[PDB]
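We begin with a single chain expressed as structure tokens, specifically the form deposited without nicotinamide-adenine-dinucleotide (NAD).
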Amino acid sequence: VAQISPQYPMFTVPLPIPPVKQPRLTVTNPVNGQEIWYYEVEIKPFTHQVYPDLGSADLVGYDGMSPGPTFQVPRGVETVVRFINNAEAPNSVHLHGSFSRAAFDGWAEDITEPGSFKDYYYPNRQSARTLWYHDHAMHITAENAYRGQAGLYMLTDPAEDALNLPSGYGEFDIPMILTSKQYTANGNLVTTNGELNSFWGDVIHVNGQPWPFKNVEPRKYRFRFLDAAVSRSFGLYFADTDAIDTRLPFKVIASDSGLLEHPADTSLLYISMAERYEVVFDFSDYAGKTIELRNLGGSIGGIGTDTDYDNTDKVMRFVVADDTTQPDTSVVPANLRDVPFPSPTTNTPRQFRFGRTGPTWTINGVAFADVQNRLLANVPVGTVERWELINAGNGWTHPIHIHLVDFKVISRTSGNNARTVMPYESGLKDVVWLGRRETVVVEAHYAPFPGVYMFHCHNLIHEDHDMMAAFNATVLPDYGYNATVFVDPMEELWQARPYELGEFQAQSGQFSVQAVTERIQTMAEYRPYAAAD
């Protein structure tokens, strides 16, 4: 299909790397004496010159950038992140991949208005993995994320550094955040407002930049792919520009929830919205060559229904030097980790159908706006349940996301006989792609925290109109652990608060060292994550 956005100078701008986000300070947790890292992020509009010869684009992002800055937090270190809304529409921050308490999880209605902020208390006790934080405000999640509110959150673990994977953020360990946008004739963004089917986009970006290039050395690199697009799913392959007909093999080492048990040799990677895979690619064998990262055509080989345009088959280019500066010491071990799978169950799976009810995208016929019916499941905390995710259509696909949990992919049947479970789906995941006429079964441990949580399709257009629902991970009233103040996402205790801009810029008032200290220490005393010990 003919490209609609104006022509871009392909592969002329180097791949940008989002800067590491540093904490402002640390507060000592009164309960155990340990340091909690405290950060401040300001949500605000900014201008970005995307087409060198046209006008600029109007974005809104964390700290005035897109992607937002990258967090790097070691397991065991609790963090508190104060997201300050200084924009012109409401926000709700969701750290995807983290078992946060309900009121810190970005519940769609748990909104912060302009002129307010909300403090998020993150546990960071889970396995090393690439998380990402992004907006979740009800009915406007698509435009908010699209205009720039998304960013990386790397949970790290020293035992994992002992594997000696390629390393160094921005050196040999490179984030690859894919988006897919559309631009107007004067180089501004085309809004998603009005789109009720899917917003495909015809200009592919990596890390905020359309069709970038990167100079690389002939050695191993670790790539952290994240499909951050509104609606576009990808089929990823590498190919020499001289032989685009031939796929260069590589290794997948991680999925949503962390490392696989063993590296999976792949030459084609399906990745859908909200999905994260880490890949090690070996440029050794291609010294002097240019490698193109490409995108499978025909709506991802017939798995999807995405529209393909003139240039959406291309992602970026890697120009490989003749030699390395220093010798590649890194390795990709055959054994990565023991994957902590849920204790298996064979209780009949709970069925969910993702489809259409009139003009609305629904889950078992309900829309999220329907407060009285959106709570589709009660699961006692500590329970393992299989869920059967069903897409009976050929006209839509749905990457399904379940909050709180990590899950194992049990099976996939395609009505088009297209595929089953992939080798890179061998580990633990929190989003799984239901392609054309696929039903997938997943197995998750609903643990270890009680609360009301979302689950939905991560096609943001579908999500907003209105393919989202809720589940309750329940406990008995004698459970304790302050469950009473942590189960309801709208719990007033944790709601947003107004601030004055002078206070924020002067780092005084609610933003003074002492006030931040007292507030965090008080949150801490509630001991929200103690059940994870």
Second form
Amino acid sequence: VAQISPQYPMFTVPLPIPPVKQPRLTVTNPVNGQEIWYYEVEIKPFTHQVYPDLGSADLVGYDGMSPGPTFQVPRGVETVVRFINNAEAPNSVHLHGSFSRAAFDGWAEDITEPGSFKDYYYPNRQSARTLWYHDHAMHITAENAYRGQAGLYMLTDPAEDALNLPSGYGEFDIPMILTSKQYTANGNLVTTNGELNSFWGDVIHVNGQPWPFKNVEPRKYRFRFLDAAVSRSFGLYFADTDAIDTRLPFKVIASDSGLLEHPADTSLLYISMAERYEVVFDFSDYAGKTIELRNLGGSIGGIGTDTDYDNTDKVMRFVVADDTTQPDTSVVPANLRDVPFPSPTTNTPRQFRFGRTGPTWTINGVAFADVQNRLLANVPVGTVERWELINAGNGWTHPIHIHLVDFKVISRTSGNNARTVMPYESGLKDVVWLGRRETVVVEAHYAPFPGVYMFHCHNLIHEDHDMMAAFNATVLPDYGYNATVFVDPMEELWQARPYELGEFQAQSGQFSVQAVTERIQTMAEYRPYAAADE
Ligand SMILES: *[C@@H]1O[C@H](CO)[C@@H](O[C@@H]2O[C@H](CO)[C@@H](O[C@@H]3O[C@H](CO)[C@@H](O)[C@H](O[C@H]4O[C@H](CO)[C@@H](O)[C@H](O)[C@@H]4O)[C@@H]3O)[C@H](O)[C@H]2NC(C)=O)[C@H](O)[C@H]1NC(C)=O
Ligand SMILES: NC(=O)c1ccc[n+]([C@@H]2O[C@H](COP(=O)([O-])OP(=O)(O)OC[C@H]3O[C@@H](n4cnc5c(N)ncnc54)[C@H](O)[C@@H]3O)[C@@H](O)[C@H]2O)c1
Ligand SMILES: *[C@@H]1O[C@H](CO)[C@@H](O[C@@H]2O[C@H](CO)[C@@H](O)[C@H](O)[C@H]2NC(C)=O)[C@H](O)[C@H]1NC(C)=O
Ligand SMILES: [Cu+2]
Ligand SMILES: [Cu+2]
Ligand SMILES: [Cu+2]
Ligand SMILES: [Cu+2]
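Show the form solved in complex with nicotinamide-adenine-dinucleotide (NAD), please, the one above being the form deposited without nicotinamide-adenine-dinucleotide (NAD).
Below, the chain from earlier opens the complete complex, with every other chain and molecule after it.
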């Protein structure tokens, strides 16, 4: 249907690459003698000239940018990020893809108000993967993400660097953060506030930029795709502009949780909200051509319900040089890793139905705000469970995210007989798309940390109103590892704290090297991640 946003100068602005976030300093962990990397992120309003000929757009971003700066953390290095709220609404930061303790996981009620900050202590122990950090504050997640509270967090591993995949952040390893937004006639954003169904958006962005281009060399590039949209799911394919409908083959090498066992040869990538897929596209056969990254219409080929507009088929353009500057010395190995799948289980799966109760998106008839009923599962830490995730609906689709766990997609059924499990779903994931009338069974190890965690639809409109519930990964009174201060996400030790803007800007008081050092050393003494010591 007709684009509502003003006409954009398509494929005229280069793909921006979020800058790498650098730690401010490192603190000696007194427990193990190891350096914890300490970062400061200031959440703050800013404007961006999205449309060259109109007004600017009001955004609120990590370090006053959108997307947020890209973290780059080696496995084994613990991180503390101080997220400082200097904006006009509360925040709760979730590191999506991280087995963070309950009080470091962005629990929706665990907010930071303006004039407060929270210290988030991250383990960085899991398999190399593309994580992303984004807002999760109760009822306002859609608008905080949409206005720019989302960024990339790359967990790296020398074992994976040895695979010799296309490499170099912003070189041949390119972040591809997809969003879908709507603008006013004056080039500001149309708010998601009030929207209770879905906010599709009609303007497709990569890394915060409508319909960009990038100059590429005729060689292999690694693309880290993230659907950071409020409501839009994609069916991604690449086509030569001389044959705009002919899908060019590529390889999927990674899902949410990291590398697949083997690359998946693919010409169409289904990607819904919060899913990450890492692609190697080989431009060597298309020297001198323009390749368009495109998006499947008819509501993602009948899998979705998303509205399609005049330009939502277009994502961006790659302009392929005649030659390389230097040889492509990268490969895509047939054997990427042994995926650490859970031990299969025969116990009857739990059932979760993603539907609506009046005007509210619900799980098993419950809204997250109904505290009394929203705890839908107690799972003893160490258990492997199958959950059957049911979308009986034809009029909505639900990408389901389970916090804490990596899971295996066991099965999909479709009441429109559309598809079963996809080859790029072969590995470990933390989000799975329930298309129209789809039921998916996932299997997960509920390990290794006890605590109360969320699971929900990652359609942020659905999430906010109010398609989200909790599970408790439980332990016995004798388990140890300081579980009594780490199971409740609202534990007062880990709560946000007020600050004065003067002390932040002068890096004095609570922001002095001495206060930061004392705070982190105190947090580290409780040993949040010791139970995953192997
Ligand atoms: C999510 O699951 C966690 C477990 O992983 C769970 O935390 C556990 O809560 C229970 C009950 O509150 C705790 O056991 C308590 O220990 C304290 C302190 O010594 C006592 O106050 C309690 O004693 C009363 O109740 C006993 C048991 O019925 C009676 O025998 C006694 O007479 C007392 O009246 C009680 O034993 C346990 O310590 C925690 N475990 C941890 C590791 O924190 C949590 O409650 C669950 N969360 C939610 C939101 O459901
Ligand atoms: N167990 C039960 O309660 C029960 C009994 C009989 C039938 N059903 C099932 O109900 C389903 C209804 O048939 P359908 O596939 O035509 O509809 P559906 O499942 O897509 O929609 C169910 C209801 O929600 C409404 N709806 C759809 N999309 C919506 C959206 N985005 N926002 C708000 N409301 C929306 C529909 O108009 C309808 O009134 C069938 O699959 C049928 O098998 C359930
Ligand atoms: C649980 O957390 C407490 C509090 O940080 C730890 O107790 C501290 O332990 C360190 C090193 O053993 C001491 O120097 C501190 O003086 C302790 N503080 C208190 C209040 O006791 C304890 O080690 C942690 N337990 C586990 C199993 O991690
Ligand atoms: Cu998320
Ligand atoms: Cu998450
Ligand atoms: Cu949903
Ligand atoms: Cu979440």
